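Student: Here are the chains, one letter per residue:
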Amino acid sequence: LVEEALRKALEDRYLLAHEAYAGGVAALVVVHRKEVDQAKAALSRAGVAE
Amino acid sequence: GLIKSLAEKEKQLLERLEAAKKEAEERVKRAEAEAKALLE
Amino acid sequence: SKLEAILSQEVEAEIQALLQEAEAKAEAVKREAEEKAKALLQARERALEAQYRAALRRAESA
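Just so you know, the sequences run in chain order G, B and A. First residue of the first sequence? That's 49 in the working numbering, and the numbers climb one at a time after it. First residue of the second sequence? That's 4 in the working numbering, and the numbers climb one at a time after it. First residue of the third sequence? That's 12 in the working numbering, and the numbers climb one at a time after it.
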């Protein structure tokens, strides 16, 4: 779901990473600094939290 | 999540920028030297 | 990544801009010198010649 939010904003200009710890994966989006609002906004649409 | 890639490139570039500044100032310092001599 | 590609080209253009900037500042330095040195030499030659013409005057006057 987040990946879709991110996909729309970021396209492919992010490389999207997750690492498991069970119960979910601790996640990073790395984006350009320039891309940052669009990335945060993707989380915002989603309601996923930092 | 290509990580490595992006986490190498940012270093490589950076020290090249540093270096640029040095060679850069040197040119001014060259004309400064010449400025010093030409008056002296 | 495409992501780092943009970072590369960006940084690199700054590298190119620093050097270019520097060159112009070097010229500016250069151009000070030229005028200054010239500007020093004339006025003091000038002055001596007047102190010359005036010196003989007093001699002649004697």
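Rather than coming from a laboratory, the hints here were simulated on the basis of the structure. It is possible that part of the hints are untrue.
Stated by the list, open to error - Heads up, simulated DSSO-like pairs for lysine-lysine below, C-alpha to C-alpha not over 27 Å straight-line: (1) 14/B - 82/G; (2) 13/A - 32/B; (3) 25/B - 14/B; (4) 25/B - 49/A; (5) 39/B - 41/A; (6) 41/A - 56/G; (7) 24/B - 49/A; (8) 49/A - 12/B; (9) 36/A - 49/A; (10) 36/A - 24/B; (11) 24/B - 39/B; (12) 24/B - 12/B; (13) 12/B - 82/G; (14) 56/G - 88/G; (15) 88/G - 7/B.
Student: Against this structure, judge whether each hint is valid.
Tutor: Hint check:
The hinted pair formed by residue 14/B and residue 82/G meets the criterion: a straight-line CA distance of about 19 Å does not exceed 27 Å. Restraint check: the Cα-Cα separation between residue 13/A and residue 32/B comes to about 38 Å, which exceeds 27 Å; the hinted pair is violated. A C-alpha spacing of about 18 Å is found between residue 25/B and residue 14/B, which places the hinted pair at or below 27 Å, so the restraint holds. A threshold of 27 Å between alpha carbons decides the hint, and for residue 25/B with residue 49/A the separation of about 31 Å lies outside it, so the pair is violated.
Taking the CA atoms of residue 39/B and residue 41/A, the gap is near 10 Å; set against the 27 Å cutoff, the hint holds. Between residue 41/A and residue 56/G, the direct Cα distance comes to roughly 54 Å. Violation of the 27 Å bound is thereby established for this hinted pair. The hinted pair formed by residue 24/B and residue 49/A fails the criterion: a straight-line CA distance of about 32 Å is larger than 27 Å. Only pairs whose Cα atoms come within 27 Å are accepted, and residue 49/A paired with residue 12/B is rejected, the gap being roughly 51 Å.
Of the pairs offered as hints, the one joining residue 36/A and residue 49/A holds, with about 20 Å between alpha carbons and a cut-off of 27 Å not exceeded. Between residue 36/A and residue 24/B the CA atoms are separated by roughly 13 Å; this keeps the pair inside 27 Å, and the hint holds. For the hint linking residue 24/B to residue 39/B, the alpha-carbon distance of about 22 Å falls within 27 Å, and the restraint holds. With a C-alpha separation of about 19 Å, the suggested pairing of residue 24/B with residue 12/B holds against the 27 Å cut-off.
The hinted pair formed by residue 12/B and residue 82/G meets the criterion: a straight-line CA distance of about 17 Å does not exceed 27 Å. As the CA atoms of residue 56/G and residue 88/G are separated by approximately 12 Å, the hinted pair is consistent with the 27 Å bound. A distance of roughly 23 Å separates the Cα atoms of residue 88/G and residue 7/B; the hinted pair therefore holds under the 27 Å criterion.
Consistency note: the structure conflicts with the earlier hints numbered 2, 4, 6, 7 and 8.
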